[PDB]
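Take a look at this single chain, the form deposited in one PDB entry, given in structure tokens.
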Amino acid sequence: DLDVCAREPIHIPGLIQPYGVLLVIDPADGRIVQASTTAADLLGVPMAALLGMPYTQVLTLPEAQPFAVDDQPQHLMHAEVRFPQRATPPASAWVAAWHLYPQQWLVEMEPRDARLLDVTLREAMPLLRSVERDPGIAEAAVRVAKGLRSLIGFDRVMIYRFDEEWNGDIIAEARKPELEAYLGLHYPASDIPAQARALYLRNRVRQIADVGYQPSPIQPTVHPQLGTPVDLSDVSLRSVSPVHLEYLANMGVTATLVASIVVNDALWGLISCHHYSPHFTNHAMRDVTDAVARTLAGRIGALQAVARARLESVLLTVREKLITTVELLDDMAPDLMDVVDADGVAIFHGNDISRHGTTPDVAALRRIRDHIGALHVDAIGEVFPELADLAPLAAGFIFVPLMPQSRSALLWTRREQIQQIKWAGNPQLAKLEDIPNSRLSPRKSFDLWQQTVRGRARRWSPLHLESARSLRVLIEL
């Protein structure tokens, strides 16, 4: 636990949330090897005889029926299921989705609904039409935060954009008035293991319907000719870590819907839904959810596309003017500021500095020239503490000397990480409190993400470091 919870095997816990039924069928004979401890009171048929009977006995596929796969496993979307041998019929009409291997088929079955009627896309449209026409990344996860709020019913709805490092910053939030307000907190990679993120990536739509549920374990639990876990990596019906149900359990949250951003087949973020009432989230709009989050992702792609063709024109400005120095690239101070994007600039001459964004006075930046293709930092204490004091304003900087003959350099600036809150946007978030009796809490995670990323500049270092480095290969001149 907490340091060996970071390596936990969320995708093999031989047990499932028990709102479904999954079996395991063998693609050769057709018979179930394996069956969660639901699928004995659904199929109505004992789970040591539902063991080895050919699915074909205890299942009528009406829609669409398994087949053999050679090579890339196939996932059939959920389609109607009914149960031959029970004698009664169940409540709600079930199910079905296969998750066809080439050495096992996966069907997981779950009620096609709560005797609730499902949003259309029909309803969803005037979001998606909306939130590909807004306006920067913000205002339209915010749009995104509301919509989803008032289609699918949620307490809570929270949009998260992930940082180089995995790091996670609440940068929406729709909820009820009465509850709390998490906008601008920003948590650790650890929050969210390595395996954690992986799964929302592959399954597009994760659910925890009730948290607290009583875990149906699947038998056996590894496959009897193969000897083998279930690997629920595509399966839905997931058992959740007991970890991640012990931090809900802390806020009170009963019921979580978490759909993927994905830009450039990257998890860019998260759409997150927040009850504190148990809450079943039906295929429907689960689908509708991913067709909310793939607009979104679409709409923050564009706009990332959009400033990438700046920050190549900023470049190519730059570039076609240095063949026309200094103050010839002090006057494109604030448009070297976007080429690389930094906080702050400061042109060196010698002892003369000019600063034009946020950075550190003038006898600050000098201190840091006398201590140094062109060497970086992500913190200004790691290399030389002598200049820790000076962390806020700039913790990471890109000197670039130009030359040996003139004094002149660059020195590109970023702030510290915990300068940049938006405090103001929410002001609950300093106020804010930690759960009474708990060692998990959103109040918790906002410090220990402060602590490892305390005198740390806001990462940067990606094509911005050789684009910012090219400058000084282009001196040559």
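Each form is matched to the other, and the largest set of C-alpha atoms that superpose within 1.5 Å is called the rigid core. Positions refer to the first chain, counted from 1. First, how it differs from the form deposited in another entry.
- Of the residues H75, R367, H223, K146, just one CA atom moves 2 angstroms or more between the two forms under rigid-core superposition; it belongs to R367.
- The rigid-core alignment places the CA of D331 2 Å or more apart between the two forms.
- Once you line up the core between the two forms, the Cα of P462 ends up 2 Å or more from where it was.
- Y55 is not among the residues whose C-alpha shifts by 2 Å or more between the two forms once the rigid core is aligned; its shift stays under 2 Å.
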The other form holds:
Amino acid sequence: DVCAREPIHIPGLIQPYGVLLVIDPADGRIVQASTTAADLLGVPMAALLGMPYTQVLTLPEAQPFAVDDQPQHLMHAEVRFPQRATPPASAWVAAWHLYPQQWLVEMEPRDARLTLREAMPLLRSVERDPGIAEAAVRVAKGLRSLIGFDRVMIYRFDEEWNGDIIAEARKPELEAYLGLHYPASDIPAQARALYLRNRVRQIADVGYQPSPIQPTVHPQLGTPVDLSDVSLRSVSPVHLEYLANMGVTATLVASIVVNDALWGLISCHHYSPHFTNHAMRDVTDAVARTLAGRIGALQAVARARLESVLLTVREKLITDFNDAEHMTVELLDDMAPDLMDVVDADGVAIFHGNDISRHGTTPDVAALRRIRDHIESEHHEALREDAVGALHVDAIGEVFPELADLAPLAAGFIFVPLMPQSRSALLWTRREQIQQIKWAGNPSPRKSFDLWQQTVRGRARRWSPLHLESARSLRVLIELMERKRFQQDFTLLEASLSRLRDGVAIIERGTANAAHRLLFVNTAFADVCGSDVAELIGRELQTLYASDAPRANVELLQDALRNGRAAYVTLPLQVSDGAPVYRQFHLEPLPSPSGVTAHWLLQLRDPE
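If the one shown is the form deposited in one PDB entry, what is the structure of the form deposited in another entry?
Partners and other molecules omitted; one chain follows.
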């Protein structure tokens, strides 16, 4: 928090190995310059300030130019210093950063002796490597041989922005850092952000003399120099403290940017001073690029493969579960392996009112009932809201402290449906996975990096979002269960109704513009009318009584229908053939949650 609040991009200091000048794109005048400029360029800080760059420039290659909006970056090219008699003992090379209001020229030694063509057999290998692990180690081993670093490691960022050394290539005599876990605070967010912008950075000598930009703020713009893109940018004195405490004298780290996000870093350490020249710096850029590219592709194909297997298994469960009308014991015992696999659970428990069907490695029925009871609690009603489609825990003891135990079999779980009481419910469980976090430290930078193995009990393997959506996708199985149950009970009650002696009908109350329709009619009611049951459903009630029926008796029926009340009247029926069939109409209003009657029960006593 207070660590992440540090400029780091505007230190007003550079590394002493190179020289930096700030040029005004209108005049070509040097507005700001680092103290290291005076010694190489010839002219001291006095006249060097406010001087046209061309008088101290000898660039045989490309030249700087005006930029409209998007800045342009020119590569390291030969630079010579005319206002001095052979100032360097080594070849010098200058890079340009051209922004609309300022130009920045950074120059550093060429160095020579070591390159892109020799990196190609390595790049070509990782491009066709299977799995991130294989590529990561190939890159560390390969890069360690290409540049000459004492140790090269691939630092993968995890979900909480912590880090893990997943690959390492080092001098045999060195203590291995492989598999060591570092907190998220070691690389604060403001640094991580810059590591997407500036993808390769070097520290030639940890604890150097930082060379400051003479006018710290722009003499006419009043702004500090945004050294985000300058490779010479002086690094944090907190990181330089950490690096000295770790015993490293030189650094070179390149970002692994997968899908426009910092996936990890290629961290190189040298326990002696080491300047990585523009050439080696470009080679490490190419390997980081290729490694980020392969990781992404492998991750993309993986997801794509997993999603299609997980779909088949889901679609089989939806079909198999629909096809069977009565949910037998062998049905669920066949379903169980695929019902666990879809979400990658260690066990599953199917609930249907007091009954529980447990499969795989799950707690006992008493505990599965203890877990379900606890979730549907009034106390845990906020959890079900804040949950997305299914409630899930990675560590039962944290979320549900009263279910602290049960962690060995149901440490993690996916509970569906989010609706309380419900009758039908699915509970996927993952058992405890004792995790061993290999800290290189413990919880201003740390002096010691001693191994500290934190043993974490009561947690299960994290539910991947692929497995959480696979769960949400199977909510349809809960509604399948409920529908089929109400369907079974409804047809039973309809069968009992359709075979009654007394002739009954369920009337749906109309509206002002709608009329009262027959919703249900039994064979005894339909036969007294003449028409078959199917033809009479949806027929208006006003149809059933003869278009002759007395005013008084009809108005009594209409008054109850109008007011949603009850009626008992003898009315003649609309005769299909002849004989006047009078029946006594017993209209009774069926209860409504609002008390405002929505349906009636019409029954016509069968004479006996």
